[PDB]
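Add chains A, A', B' and B'' to chain B, keeping to what the hints say.
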Amino acid sequence: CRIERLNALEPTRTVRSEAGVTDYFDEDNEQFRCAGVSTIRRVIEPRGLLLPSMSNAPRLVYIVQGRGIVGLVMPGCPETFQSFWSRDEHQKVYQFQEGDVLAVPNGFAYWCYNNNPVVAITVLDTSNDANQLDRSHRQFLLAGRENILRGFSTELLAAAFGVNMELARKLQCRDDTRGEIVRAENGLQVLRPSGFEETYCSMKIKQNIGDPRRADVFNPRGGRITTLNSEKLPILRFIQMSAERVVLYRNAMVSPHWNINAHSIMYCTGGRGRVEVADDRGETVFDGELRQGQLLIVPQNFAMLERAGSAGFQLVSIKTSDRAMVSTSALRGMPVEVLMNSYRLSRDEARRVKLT
Amino acid sequence: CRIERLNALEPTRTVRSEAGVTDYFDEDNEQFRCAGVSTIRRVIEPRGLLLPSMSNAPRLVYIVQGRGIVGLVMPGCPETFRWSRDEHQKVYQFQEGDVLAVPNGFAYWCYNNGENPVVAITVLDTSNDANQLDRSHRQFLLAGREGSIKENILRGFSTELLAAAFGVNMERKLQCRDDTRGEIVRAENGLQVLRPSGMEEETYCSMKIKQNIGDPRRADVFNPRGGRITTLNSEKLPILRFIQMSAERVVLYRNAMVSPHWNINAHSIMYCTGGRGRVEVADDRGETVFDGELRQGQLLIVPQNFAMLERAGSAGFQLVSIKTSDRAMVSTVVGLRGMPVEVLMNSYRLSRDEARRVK
Amino acid sequence: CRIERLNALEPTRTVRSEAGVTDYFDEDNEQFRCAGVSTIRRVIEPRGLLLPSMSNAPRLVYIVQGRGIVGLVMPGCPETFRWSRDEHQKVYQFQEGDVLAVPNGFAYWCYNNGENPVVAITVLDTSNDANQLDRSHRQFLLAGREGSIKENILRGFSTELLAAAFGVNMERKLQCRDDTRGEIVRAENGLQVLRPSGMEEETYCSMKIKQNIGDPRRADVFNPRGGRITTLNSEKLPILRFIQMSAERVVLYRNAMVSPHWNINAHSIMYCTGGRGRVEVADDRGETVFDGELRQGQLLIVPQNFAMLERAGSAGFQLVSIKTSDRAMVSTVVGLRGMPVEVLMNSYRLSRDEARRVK
Amino acid sequence: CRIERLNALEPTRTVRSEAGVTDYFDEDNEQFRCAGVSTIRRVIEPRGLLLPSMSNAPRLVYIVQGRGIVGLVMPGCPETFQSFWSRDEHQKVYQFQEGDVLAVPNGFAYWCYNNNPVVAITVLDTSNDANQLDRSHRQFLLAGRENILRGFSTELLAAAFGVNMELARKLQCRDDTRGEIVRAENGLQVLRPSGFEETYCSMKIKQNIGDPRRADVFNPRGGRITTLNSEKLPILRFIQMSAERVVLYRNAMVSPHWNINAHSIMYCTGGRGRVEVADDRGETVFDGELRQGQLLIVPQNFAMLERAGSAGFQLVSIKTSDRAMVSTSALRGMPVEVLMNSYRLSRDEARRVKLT
Amino acid sequence: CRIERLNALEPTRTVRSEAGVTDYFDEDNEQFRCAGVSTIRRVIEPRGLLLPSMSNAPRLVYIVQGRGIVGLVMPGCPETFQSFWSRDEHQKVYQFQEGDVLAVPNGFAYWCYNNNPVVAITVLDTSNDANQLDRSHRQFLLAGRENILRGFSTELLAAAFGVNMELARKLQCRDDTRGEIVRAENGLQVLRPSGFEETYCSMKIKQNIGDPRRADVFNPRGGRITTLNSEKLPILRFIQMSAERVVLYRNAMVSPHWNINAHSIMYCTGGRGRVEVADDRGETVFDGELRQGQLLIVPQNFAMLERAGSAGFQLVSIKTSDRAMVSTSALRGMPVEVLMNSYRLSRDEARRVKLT
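Chains as they are written, first to last, in the entry's author numbering: chain B, 45 to 128, 140 to 170, 173 to 202, 219 to 267, 282 to 415, 421 to 448; chain A, 45 to 125, 139 to 202, 214 to 239, 242 to 270, 284 to 418, 423 to 446; chain A', 45 to 125, 139 to 202, 214 to 239, 242 to 270, 284 to 418, 423 to 446; chain B', 45 to 128, 140 to 170, 173 to 202, 219 to 267, 282 to 415, 421 to 448; chain B'', 45 to 128, 140 to 170, 173 to 202, 219 to 267, 282 to 415, 421 to 448. A prime marks a further copy of an entry chain.
Same shape as in the complex, but just chain B:
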């Protein structure tokens, strides 16, 4: 993580699937490497069901496109969803929407069903604290392929489940050829409507950040930002990650800054803009136009600047700390002569600098 030049990123292992495609971003990129994370962009056109797995790294998922339904399983917590002995029982379900962020902790089983094609981006802190495995991404697929039970032998596994050895193989999903997402032919109904678990079991898991009616900052000529973090999502006090949704208009520029306490992982959901970034050397490492569908990793302490083109700049900042922070009004706080002497400015230029 001593970088000469910044690149913009695009998935480097695309894998196709029955109800989607998996565009992996490869992490051996020194950028990703220095970042210490992975991201995975993945699409599930309708009826599609992504196979419940669990990942090495705790993960944030932002729903780039559309409504849907996601499912996460928290051990020791009782299935609070029932009908009618029983017709069905299962965990709580979460019906997500266009622009929610989803927080998945390690060794936890997520899955979601495409209730337009759902598009959503996902990052995994491979350098997180509770990834006591290696510094990589390990999905432990429960189903499909092998899935985790592959290495479990039928002989043992039947009595584990307490049933025939025939049925067990059908859980090995050996001949399965549909990957992480599947077509749900005959649809897929889950029980939707229309005690210690009141606390630890029922803690919120996604937040809709794209709601411009939720913005944190906002200029009408023009832009907006909102921050997702532990002050808004309790689970986030724990994931050591936080989210930013910056939407800028025509010729908007964000007050320059550097991230005090995190890297920043910039993915453009739309609009176009040049981004300029310089390192501690002062020399410029990055400088380029960013457009829809594109990834820039912008790290810690380094200095960043952006303005949208004539079409806009809609994006999503993921960072590596429970409340990541930028320092913009960085110079508006020094005494002016400090500015003067540090630059060789008269007063007026010092004051002009501080006051626009």
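Honestly, the hints are just simulated from the structure, not real lab data.
The beta carbon of each residue, even a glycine, is placed where N, CA and C say it ideally should be.
A portion of the hints provided could be inaccurate.
Claimed, not checked - For the chain B'' half of the interface with chain B', some residues (derived, Cβ under 7 Å), not all of them:
#1 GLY425
#2 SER438
#3 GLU441
Okay, now just chains A, A', B' and B'', sitting in the frame of chain B:
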């Protein structure tokens, strides 16, 4: 706090402002007293505007009906929201079934930006650790104001001072000396602020302050035969960690009933937004203490450890339950099922097959 | 809480159930009052069984004599304990000198599984932060029941409801309507549960709830000439962190004495399990407030900052000290030895050699 | 820590001693390596005294066999044990027993005296947080050999202690030839009976986990488990480790699972059983019988299964987090059609799966 | 960080400056390396102004010599210093003195002005938690050289600031040839006298540790010590570092010890003394006289001993934990026979050992 009876309780005291009504449940009410809370139903016509005022108590507020804005400002946090507009702190756009968290000495203005009227029932913890002073509701009116009518604060300051204090001309306006429109006045030609629609760091500041809980797609339980339960606590909204109030929204489909239970860490303040339904409550000495039907628009406080039982009607039953701790909890009797079988047989003298019939 | 005298205090009120006696120390007792606690001695014959009941207060319980089970259940935690047996939550096997932590609105049943009778003296914090409501002991009787005798809770619920609530036939048993055996009934042909002997995730659930403190091999101090002190606080049992009670078991060999000291962060509730010994206590205005001998089976509350002095007898002295905070502390006068020497000479007008004689 | 195959482990440096033997487990094993710990099995037949040292890594010790007496020294804490100026004074002592767990934090001086031969196993989180030294095991022996004072010169050290230079050498233990444990010829009496320190100084240090009267889970046909962690041992909120004691009967099988938030370090104290373990690849990495006296490292997220032979399976799980967790009732919480579609099962097989 | 021998350290990259000189300590020294920090000794003779930068690592600065004035900028916090629209406004300023410690967190902008030549030493935990960049020292100079804005292009930057492209270049400080510190010709007045920010914004930042009227320990024949840490400086609960000021007189020796929970970074401000240090091997790694102006790194768990020469030994211990600790009264707490048998001592030598 040794009360003998529970009764459906209602705004004993009501006052229309100019753009809405305030429906005051009693303060020194035995229940409320031992409850250690104060509460209110407020209503706001469209265009109607609730006065700025900070309250002694942590306003947890529930927007039953209507939509709009509420503006809370966190002084010391930089206002975050040329042709024609000003600046000010971020403002908050509520909806039906929203929960709103307003602390103490925190300020909040409220405006009805369209549609129908807005009604929010409020709960104020008048005995919180933060409630210094005494156990009433103190509402420090920033603005405005037969019998004893309040005033805003600035009338308690001399003009020259005030004038000298603010550098505005010494020509009264601010004491709100003539006004009468109440804590809810109206903004006839609309009110515009800095809102998103167009079209064509902060840490302790960015915190969320509202969380929609009326939404069905959110409920945590579905179904205790047969409604749904949505539960707000610090595990969903991090401010509660400091307010030490919790919230339940609970819609019971017809015929239904919620399991017998008692609030471990909690007094419960429950009220009927709608539907029609029964509640049965008891105490230590064995006898019940509430055998009566709760209809919409009626308040009932269910206390700690008191075991309680409800049952919906055919028009359903839809209550809202606000509780007194950041993570308030109840014990689902059924959740009993943890005592050993002989422990069930010896206590009540039943044979085994009875024991399991309950477990 | 300006009390003038301390006296050895005893169960003013006693009641035999059917399988044991309850020995009630007063509630509104000045001491107890300003102490902000309630307490009890309970006794249980073999086979005897304490009723399920949750208490308003955090039951810290001390098993002086006997062994057995206590079953606490943490609702929401999955019961963790075919031919012939049921299921239920894990149960807890106590012994002499055990400390038992039972919260509020927490349920606990207690059974004497052999040997001699069992006697546990209980301390209930009736003014905890968790004690919502008022400052008495409220015991919510799950089961069973001249003057005002309590009942269990379910009698406060109508049958059909109840019946409809539970899906059991409408044929009374559960209100405990005829019963009389008291909160301690007996299980004549034994009681069997799911215990280990044979032979041939949970986080907030797995927490420990008891910790043996009577064991000598545990004491922390040996010896202040000449007994031993074992000390239970959140640094040994993590629940206390939430109960905010602490515990001292202190066996004084004959002739001995414990250093003069006062409870910093603590009221002390001390009681004589055995032995024979003296206690001297004082306050602010200088004069003593307890000059008297404490024999076995007698309670004395030693308050905060009050400085205290004890001395064993020849039959020894063996007390148990339960205190009111998760980490309650005392100041060993000797631990004085930190004031500078001249600071000792000027205060009491002594020459240096006196000063050091104390230090 | 990208493993192809799991092995079962056996100490790799056995060193003999006057009152015992030290069977070290060598940590350059990629398993141990990926684990990031060390373990040391060590025996002290009676009268034996193990030399007070301090270790790099904070350590958990489980007393496999027998009662005894252990001693730990907490700086700044006053010797609360006295007699009679004085005859003796010293720290509190802890008389341990068959099956206690002992928690030793870093840079802290433990020692114990064999009051049957005492057998006890010890693990050291070499990757812990406060091991700011290298990623290895460093015992800093106070006595014996050299011991820590070896490099201290007599000339300086005497006046340090404030005594003759003759006596100092006898603390160098130069000619000492008895290692970490010693025979206590003339026995060894320590004062046993038969204020800010009431808190920070007196926090409990061992727990008896083997007490089947302490089990957390229990089936009478048959098995039991108990968990030792910060909810039972306060010190454990700090050591970033927790303990599990699983005892299974005839043909008992533990509900499969993976450790969410830790590795698991399986040592068999008795009984025999096959253990089956598979990685994220699904492929099987482990599969083998485990018997008394044997070590298996089972990591994070990976999936494990075991049943005892006809003789039993008694063991002790040490894991690397203050409250390590497994996720078993992992599938009993998905909605059934999820299971169906993820495996291609009708309902009945889905429901049979969930309900046995 | 497996060391054979300890060296004493002296800056290895000295760089000269208009109002000072920068004597860098180079961290690729395995000592520094194993330490995982950097230190920088830097002088600012009067009128001098060191350029506001921000460093990779959070930093402690101890003012070896003289009074002065330091300035630190905390984003989101309003300039609480004003005059008179406005004549000047800026952050709070801190007028430091001979022997204060200064705590600078990452991605935060410090600077100070020489109000005798000011001398002060600075350490940077390069291995800290929120240095998510590499394991090195990155100063991000705001001004001077390039400074952070170098890589920012004039074209963009003017409208960023909202002003001419002429003035912007003068912020690039391209032709600047005065480095990190500058002469303040025409002096440098800053507004000195003679709400959520009452808490998070106003938390103390320096403490005067050299005040012998502040010592923690003290023998009049002779020595003194004081500890600076989170019990005295709240910010220090966060920096994961703490400070010790040991002053010893004629022939003073400090009670031997090892640091339980940190390394120790010894810099001599004066006086002279031999220091003796041994590793876990027992063998001696260090042994040498330390004099004014000299650095010794003394790590974790290792054992240390020092006495002053006839001139004294004044120094400053910086360590890597919010409340670093030493264990001295390490043997005064074992039972005596333990000592006896562990060394082969009679009673008297055991008791003599414990009682002097």
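Going down the list of hints, with the structure as the test:
no.: 1; hint: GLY425; verdict: holds (4 Å)
no.: 2; hint: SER438; verdict: violated (10 Å)
no.: 3; hint: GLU441; verdict: holds (6 Å)
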